[PDB]
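Just the one chain here, the form deposited in one PDB entry, laid out as structure tokens.
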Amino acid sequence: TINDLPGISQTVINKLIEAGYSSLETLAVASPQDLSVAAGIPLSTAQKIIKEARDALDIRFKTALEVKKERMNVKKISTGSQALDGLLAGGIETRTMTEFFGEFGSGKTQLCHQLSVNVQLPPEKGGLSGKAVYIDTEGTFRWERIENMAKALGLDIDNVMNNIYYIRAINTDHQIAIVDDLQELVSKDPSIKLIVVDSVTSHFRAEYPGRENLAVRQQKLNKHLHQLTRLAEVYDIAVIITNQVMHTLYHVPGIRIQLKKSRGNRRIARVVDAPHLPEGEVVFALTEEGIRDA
């Protein structure tokens, strides 16, 4: 958020957006006598935009004593890509709704799997030994993956899936109700520490396209995201949504990470909107084992 830059002249920023400088981290590591030669602004205060940037990325050295406390405070769910856990500040935290979105194959979906296989996991391996709830929206769930995905961490295939609650949501109506029955499912099994929803806007978009419906859609769409925030927090679950986009960046606030295909196997992750997250991006890979780093 260079936009949020403390005391700079945005008048010079419409040249930074004109370069790979939309990144606050790009900045923190920029060469002064070359940040001016590529920014116009004197090779002077160009030095001022960086010192603030060291703070932005948030670089404070904690202690292995304190950190182990935080580590015990909250216990996030690992993505299997350590880079990314790094990105999310530990992995997927509970009581929150973390959105991922990108183009098809970007990873948003693969990850709903990778995440539902690692929830059911000993906190030592990055899980919570808890079970998951997969609301298949478009019919893209694969055990033909969930399998060789767990078939990598070493757990019991057949035991794994069993630990994942599955359902296919075929239309808004069905999809909304289904979330209203989750309101209670969690009430039953409170071992459920994950609620994946892939991909939330599809039926709405499909059922209420254009601008004339861009109204009712919003109303309808937003109520559904709210109901979803409640159950994560109130019942300590990790709700996780997904949107597909080749554009739903709406103000229904949560961590919103974007994914981009890099080169066939590597994908890029960037924190787009999120209070507690230091803007930035990490690369990772879509491997057979599932979600990992290249």
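Only residues modelled in both forms are compared. Positions refer to the first chain, counted from 1. Note that the rigid core is defined as the largest set of C-alphas that superpose within 1.5 Å between two forms. First, how it differs from the form deposited in another entry.
- After superposing the rigid core, the C-alpha of residue 70 moves by 2 Å or more between these two forms.
- Residues present in both forms were compared between these two forms after fitting on the core; the only consecutive run of three or more with every C-alpha moved by 2 angstroms or more is 60-73.
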Given for the second form:
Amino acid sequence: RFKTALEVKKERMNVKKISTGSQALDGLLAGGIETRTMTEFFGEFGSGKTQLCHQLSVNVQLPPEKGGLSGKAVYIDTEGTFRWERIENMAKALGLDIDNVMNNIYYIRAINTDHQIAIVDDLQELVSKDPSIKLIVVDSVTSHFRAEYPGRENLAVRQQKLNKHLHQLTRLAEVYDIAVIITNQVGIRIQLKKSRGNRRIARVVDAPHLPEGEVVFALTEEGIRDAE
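Cool, the form deposited in one PDB entry is there; where's the form deposited in another entry?
We keep it simple here and write out only the one chain, dropping partners and molecules.
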């Protein structure tokens, strides 16, 4: 039939969140990763940030009753650490179908700063031609900017470009209703710190709607999960 754009906004405006696989982490996130928002995970190598980028990429495919949005993911690789083998282990843990899972994850390595900005330019067309995409992950988003504008001498210029790039990401998330996650090796900012063994701690460092505080979770062979 013939609708009004107001009906279309009401029918589509509902809060969409994507589970991390850990109930505890979800709690810290008021349910999970949210569309129309950019969420950053930052911390040291192995703190959990990239692993989360792999996990969320599969969970997004899960139906709503299982924590996903029956959507697809784009995984933009900055330092070439993306491993399908991890995606493989995770979709297996959930009993999902591997070839399909892997099939629903667009992937690309951004080789340098200009290619990284170009890719992000191109996503509108991609998410435009394919409405099933509900997740964009940009791992180590600052990597190439730090390597291309090194030192506190170039600090200001670096801040300038990055801010611009990250703005494009926000615009994308809000106009197309997509969840964007960026990670950094160091609206919502989450620090990740190594705890004992495979345990890791997550704490809200910036998020006006999220209660400040931290939680504990684990990096397991099956994926992101609650610590034993």
